[PDB]
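4 protein chains.
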Amino acid sequence: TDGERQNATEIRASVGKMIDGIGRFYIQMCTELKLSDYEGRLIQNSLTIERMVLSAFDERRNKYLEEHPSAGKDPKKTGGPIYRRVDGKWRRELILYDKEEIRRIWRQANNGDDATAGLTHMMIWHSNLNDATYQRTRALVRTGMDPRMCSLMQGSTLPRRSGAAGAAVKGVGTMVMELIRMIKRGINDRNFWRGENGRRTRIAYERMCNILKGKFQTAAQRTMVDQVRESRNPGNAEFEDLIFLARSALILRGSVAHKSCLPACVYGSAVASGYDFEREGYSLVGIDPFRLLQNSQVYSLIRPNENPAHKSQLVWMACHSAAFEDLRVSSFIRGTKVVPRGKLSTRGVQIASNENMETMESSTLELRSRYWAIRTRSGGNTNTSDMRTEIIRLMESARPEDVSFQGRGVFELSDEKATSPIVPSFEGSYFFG
Amino acid sequence: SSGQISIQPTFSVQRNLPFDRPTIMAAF
Amino acid sequence: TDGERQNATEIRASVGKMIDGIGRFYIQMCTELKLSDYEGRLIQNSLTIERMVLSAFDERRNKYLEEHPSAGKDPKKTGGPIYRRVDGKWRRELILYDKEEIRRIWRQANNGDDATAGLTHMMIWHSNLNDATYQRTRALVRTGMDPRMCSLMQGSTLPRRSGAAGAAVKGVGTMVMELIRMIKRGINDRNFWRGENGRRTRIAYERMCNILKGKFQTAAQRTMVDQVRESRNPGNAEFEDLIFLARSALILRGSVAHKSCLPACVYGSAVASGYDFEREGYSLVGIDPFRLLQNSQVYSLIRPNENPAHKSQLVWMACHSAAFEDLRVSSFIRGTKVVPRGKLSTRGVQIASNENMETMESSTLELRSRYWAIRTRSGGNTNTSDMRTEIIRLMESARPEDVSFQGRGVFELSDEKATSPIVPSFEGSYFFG
Amino acid sequence: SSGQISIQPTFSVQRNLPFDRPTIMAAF
RNA sequence: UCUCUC
RNA sequence: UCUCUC
RNA sequence: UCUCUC
RNA sequence: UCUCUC
RNA sequence: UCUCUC
RNA sequence: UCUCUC
Ligand SMILES: *[C][C]([O])[C]O[C][C][C][N]C(=O)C1=[C]C(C2=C3[C]=[C]C(=O)[C]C3=OC3=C2[C]=[C]C(=O)[C]3)=C(C([O])=O)[C]=[C]1
Ligand SMILES: *[C][C]([O])[C]O[C][C][C][N]C(=O)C1=[C]C(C2=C3[C]=[C]C(=O)[C]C3=OC3=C2[C]=[C]C(=O)[C]3)=C(C([O])=O)[C]=[C]1
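Chains as they are written, first to last, in my numbering: chain W, 1 to 433; chain V, 1 to 28; chain Y, 1 to 433; chain F, 1 to 28.
Certain hints may be false.
As the list claims (entries may be wrong) - Cut-off 30 Å, straight-line C-alpha distance, at most; resulting in silico cross-link-like pairs (DSBU-like, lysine-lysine): (1) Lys89/W x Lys77/W; (2) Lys77/Y x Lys417/W; (3) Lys417/W x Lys76/Y; (4) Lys89/W x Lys34/W; (5) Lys73/Y x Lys34/Y; (6) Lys73/W x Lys63/W; (7) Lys34/W x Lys73/W; (8) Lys417/Y x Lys337/Y; (9) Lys337/W x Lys417/W; (10) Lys213/W x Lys63/Y; (11) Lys89/Y x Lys343/Y; (12) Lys337/Y x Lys213/W; (13) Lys77/Y x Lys34/Y; (14) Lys34/W x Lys76/W; (15) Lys63/W x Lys89/W; (16) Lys63/Y x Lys417/W; (17) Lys184/Y x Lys63/Y; (18) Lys213/Y x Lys417/W; (19) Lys63/W x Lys77/W; (20) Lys89/Y x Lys77/Y; (21) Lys73/Y x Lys417/W.
I should point out that these hints are in silico values taken from the structure, not numbers from a laboratory.
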């Protein structure tokens, strides 16, 4: 590092203040919903609260709902399931809040500031949970992409309203999906790329293709994506080139940011415990999330005949965005063997409406890791016919044995300054296999 | 049967980044 | 030259008085820290002293630290490692000084004057050391720039508080990095370039772009940078133009000032030896630094299994800002073959806290050169679509064989007046390759 | 593999200022 | 080649 | 104010 | 492997 | 085209 | 009052 | 009490 330490501390202060805003907003909403400590630590209650906040600030959807009211749902109220424990058993109740009220509470929590960064953080946490839980092979096959490249679908469920953080965290496969959807839309109707809407669509196409270009690593991919962007009315050839680019990302990996976006319950508990994230600072890639997870208790609803350990592992991988990570390193860091998706005896965290909340129980989630490591936004050792041939040569030269991140290991929770790394010595390796 | 074929390295840890080479290169 | 000799002598007197201030400040601080002659000549002790001085006068960081106190570090004290030799072996101790005390000592050394020029000199020495030691390819890739243009990263670690000297010595690549960071910041948040802060940010953008314009050599680059500056809310097109401008600087080199900013230990030894820099004068580009280095002994700490010759070469290149210079001319001037960075068996000069100061030894640094030469602020023989095509034509016309600095050679240490140059006759040529 | 590609002339000495022409011009 | 500077 | 690993 | 996103 | 005039 | 060649 | 076309 260098004199950029001051810049590195201002960013820490800003992210700490956003975490403080999230936590104290959760505290205020828990007080306004009359939830006890146990219910306030429920992951489903936190998910519902977060979804209500995100729905309250959705400008486009709210405007459309206002202009086209839904069936029996007024466009000025939000809500979701609230799980409250009475006489030992759980019970769900649908709550309804005015969206102006939710926006006012959120603004008051952040000292009268909009703070869209906090909303983006909550959305990224939701996207990480969805990526760690569900496979969207249906959207892959519908768009023509191979369902085998599910490892490139990082941040696929993120809405467009996410800012630069959403673009940074979303993977190459999702960018290819968005571009291919635009290609198909232009193929269906030729009035696309033409007129006043043509300008806006071309601008959006330009911008998404530019940031996909910035996402790649090697020069050949970075030039083929530029060739794809240059075509004014792209057709099947550009779609095929994008397919090839996505396929090449499995070996020539692209740089995708990974951040530890925790559920709002953890931040609320930390703020209630007296932690000042504004003073101490925060970092989504450092020890700060791992340390916070170590000292926090979070409860979750367990469906009948389900394993709490599997659900805790799922929630942990969602928290650390380790859905597509190598299983060996995930198990090494966590200290408990991480079971692939096929052998997880658990369904999604969110509980459907058509469920009987009388055979359901709550289990404490073990969000503890034996070691901690720094999350990276980098790929690995990545060292129109001409570009395709060059890329094929590069992929053929690569092997699944080259060692990447040489000299970088895993640290202990006591090693806050990352002084002494532990290089692992190395079973299954794919989660979604 | 389809499934995950590559690995995306979220953690900065000395690794080998596995991928299923015969199936990926079979497409060309 | 001409009647500007008097002006050329006043500048010499002023820089001599700043060198005298630095040296006698170092002498006073050595007396206040109770360091012997051997410890006073240690390069690590000088680095620590210089860092304490620079930290004491940092207005913005001190104000922020005062308003937001750190964890266990009061914002009114500075310090750093002090290496003292006892019973033959070395030993480190963390020293702590009041910042008011350091400012008072600095002002008393410079006859009650602030003398920010001396602080800028110390900062430039630190920046030259950092450039000669470490590669910031990480900041290059993070900002989107190619990590191949590391030769344009001269003066990258310089803080913003450096005056006109910092802007003169910093390279074209660092200016492009600063501009690109501003571009990215404006792209992320559109409230940039708008409001009261918008005025300040536009003013800073204007000024940095103007001095980048002044840094270039050919008219086409000087006009493209002006085109980039004119856009009120610059976006991706301006960022791409800046990338192209930086890439063109590898062939159409820009004028970057090079100065020999020596460590404070050398100036302190010279002041103790009785040299009057105020009377004799000084010049950061002439023989004065080379002559001073010839007569000075400086010691440095050698880690176990390290080569003192490689560390001495690194310190020499840091002193003369020859990090990005052609290796052939550097070896010709020094008289000893200069080994590229990849084959240097040495780590950085600064010793980390998590090091065992009992297997470490001290070695005398050979800061002697067979010849001496005048450092130049010039490029070489450098003789929106239209501007880009013109620049591409200019770069294609250029070859890596054109002889620049025709008739200008290297002088002997006896030739103080540069009467008889020695044109070298010409192996590796890149340090960071 | 990346690395230094140009030379910045700190010293005022008769030189040729090497640079790797094929790699620099390959970008265009 | 991003072990942290969103 | 919906839901679903493949 | 498309239980709905033409 | 800055072989010294920060 | 930190640290690191790529 | 110096010197140099670009
Ligand atoms: C954290 C950090 O590092 C990050 O970095 C990277 C990122 C950058 N940023 C960017 O790129 C951005 C983008 C965006 C977008 C857009 C724009 C414009 C238009 O038109 C369109 C678009 O689209 C999109 C995006 C994002 C995401 C997605 O997905 C899509 C932005 C906005 O939007 O604003 C910003 C930034
Ligand atoms: C030595 C000699 O020769 C030198 O010359 C050249 C230089 C001149 N100067 C200049 O340019 C300057 C600059 C500056 C700056 C600024 C200003 C203003 C605003 O706003 C902003 C800015 O920024 C910057 C700078 C510098 C550097 C950097 O980096 C950035 C100055 C101040 O600041 O003061 C001065 C001078």
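* Could you work out which earlier hints the structure fails to respect and list their numbers in ascending sequence? => 10, 12, 15, 18
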